[PDB]
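Take the given structure of chain C and dock chain A to it, following the hints.
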Amino acid sequence: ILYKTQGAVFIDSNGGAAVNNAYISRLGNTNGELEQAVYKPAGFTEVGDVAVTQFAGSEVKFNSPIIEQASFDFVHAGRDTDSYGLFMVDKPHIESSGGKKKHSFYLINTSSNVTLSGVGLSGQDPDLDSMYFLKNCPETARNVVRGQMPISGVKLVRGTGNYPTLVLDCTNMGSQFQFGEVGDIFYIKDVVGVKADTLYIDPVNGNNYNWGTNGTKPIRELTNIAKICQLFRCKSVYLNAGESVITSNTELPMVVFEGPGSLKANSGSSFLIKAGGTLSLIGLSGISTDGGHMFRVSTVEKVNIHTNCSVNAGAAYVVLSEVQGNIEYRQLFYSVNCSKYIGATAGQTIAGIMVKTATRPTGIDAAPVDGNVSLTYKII
Amino acid sequence: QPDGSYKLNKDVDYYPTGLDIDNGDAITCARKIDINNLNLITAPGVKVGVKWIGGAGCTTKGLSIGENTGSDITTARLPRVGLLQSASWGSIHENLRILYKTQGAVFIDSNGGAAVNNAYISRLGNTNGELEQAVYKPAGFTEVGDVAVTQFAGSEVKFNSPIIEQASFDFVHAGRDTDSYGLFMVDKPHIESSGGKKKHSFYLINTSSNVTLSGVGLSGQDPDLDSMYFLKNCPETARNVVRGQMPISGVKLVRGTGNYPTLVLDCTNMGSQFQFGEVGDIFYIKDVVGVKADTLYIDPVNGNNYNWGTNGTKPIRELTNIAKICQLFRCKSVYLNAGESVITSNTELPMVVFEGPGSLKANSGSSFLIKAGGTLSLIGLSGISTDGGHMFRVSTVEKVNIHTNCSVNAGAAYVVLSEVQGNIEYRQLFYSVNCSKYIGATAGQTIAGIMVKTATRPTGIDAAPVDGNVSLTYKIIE
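Chains C and A are the protein sequences, given in the same order. Residues in the first sequence are numbered consecutively from 389, following the deposited numbering. Residues in the second sequence are numbered consecutively from 292, following the deposited numbering.
One chain only, chain C, in its complex shape:
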């Protein structure tokens, strides 16, 4: 199909239908972005030519399509009632002159299974163009990505709606961590068979579009660092120079933090500890808060907090347990300031404390925790 506005449109009942080795191309992409789709689901309101459009419950199988010069390679909506209609594309060969493109898979209220073949791109707008756009896909939906990412860097995903649905299933990422972008990490639901050792943060030069798992492409904010480390099984977080801040309670992953950066909780906010393990701050320029307790622990699992950097909780505590907790805190050298090292909101939390520095609130050597904490050991 050589087309001007839309290549092929698939609507309503098409069960078991197949489209094999299609070759669908606009005649060049000049003014392609100004075409207006004629037959389209109500949820697709974007301007731009569309190679393949599918909606209203249609579930055609697309096997190895070649798609050329399109603003949108695929627009697919699930059925309005129940999101029925799986978007299925196996090894699409997607290309466009000058790298002009808006989205390759614009997916509305739907699930999908796509296998990439290493051929593809994202468009030139550094903000809006992405391989996937997930629009209002429901909580039970899954948009599964297998195969090989393009060799050249792309922005993977953007979306609207309250639920993540993108799944990386052993996706071959190539050099995307270094040269591409995730776009909006919010929309990734889970990741299988893809790992990275370290997440890089840079509050000055970082960019939140980045994956963050390659040092040349750090992210900027702390908002999603627990999510990202959980997804890619990161062992460390590296904080580049400057102050990494939160203004709302934010989870920290249980890993080693290193680098010249510092951590700051503002607006009365706290860092949240939600999983067992060890949190280590090693060699940072420091951590402090402007008035909230520093770490709020909401897990009953064994938590070790290891601070080898400057610590200042002011009038608040280094650790507040919101549950019946089990905590070991160790301060190594540098300095620490707080009214109590550890406290808890109710009836007992067991804790062990070591504070190895002369620069500490000496006056609480004899009473280092509030009444709701009982000590297993105290090494000061």
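Among these hints, one or two may not hold up.
Claimed, not checked - Derived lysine-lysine pairs resembling DSS-like cross-links, with alpha carbons at most 25 Å apart: (1) C:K583 <-> A:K766; (2) A:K623 <-> C:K583; (3) A:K523 <-> C:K583; (4) C:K766 <-> A:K766.
Hints are computed from structural coordinates only; laboratory data are not their basis.
Frame of chain C, contents of chain A only:
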């Protein structure tokens, strides 16, 4: 031509590249060509059956090349190279049937979106097949032997359910020289060869791949050299993903060259490969999803490092990769068969239960390395000792528990040296222990708890069981 004119190519070896088209150096005149059931036979010795050059969007169904003349291949009416294809994006070959002598089909340069569906490609028997020298092949492929399917220079043809028979090499595939572009894609290859003669099935050079195994295949008769996969210089960013079902008969999975592992087992149905097959070279496995094993078996006397190690009848021999192997297959324990399992350089131990009659030994001043939190348990072993180095070097800040229920001798060194600001609990149960300190640290404070429950211990350090860089949380002695 030099003068700016154009002449029809009559050169047998010529094929156009994407570059040639763009330069204007070549213009394809092959559009709207369709083949349906053509049988092509050839006098013995003919170089090439079909040149599918520039055939973008052209299609084929039931194209048969080569005659099954008889048992003697040198006299058979078939070409040396069945099919040579380039610049044929969007072409489709259905039910291709090639009987060849040297190379079945060759795909080079731009073939974007091309498919080869249900091909049947076979040499006419494997007699002297190993001596065939491939004619059109990437520079990185220097081996001798016939090749059913060859692909290089950025060609990425989708192979759907091919049947490949009697080949020394089933597939030789190289990624593009500059950027490793060109995914090797084969869904369900049906691979057989008489007398089980074979070099490799997937010889992959500087490339990624996605292969779904269907349950039909083998590896060659050479016990050291023959393996299903050969991964030659695949880059750090490449992945060679293996899905589907392993062959019923044991095979050797993988060998390679280069410094980066790229093979991925993605819910691969291993069948009984742990018991009857071999990994070959564990170095080249990058990661494993949905494949598990409870126990890793080591046998310094009778083991073979080609083995998976996860079945008791096929233990591996050395300790070098036991941490890597336990991480991949999520092993819960390691069984040491009788004998001394030794290291001569610093080697990581997985945080699992070690049992069996074997002993562990660190020679040449080496140490066992503890790099992750959890519990390392040595239960009922014939002992662990070093010839002078610290026994366990801890480089993680996570909670580490060390539980030794066997004889322990670190000599003048420590049982545990923390190289970090550690958090260690050590317990010695019965048997005997010897060391200068149970726990020490390279620097500034490491918290520890210790229990030593045996009378055979260095009693002189009951009072100072750990060095000055370690602070005790509890101490249970006597």
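Structure-based check of each hint:
| no. | hint | verdict |
| --- | --- | --- |
| 1 | C:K583 <-> A:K766 | violated (40 Å) |
| 2 | A:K623 <-> C:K583 | holds (22 Å) |
| 3 | A:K523 <-> C:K583 | holds (23 Å) |
| 4 | C:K766 <-> A:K766 | holds (14 Å) |
The structure fails to meet hint 1 from the earlier list, while all remaining hints are met.
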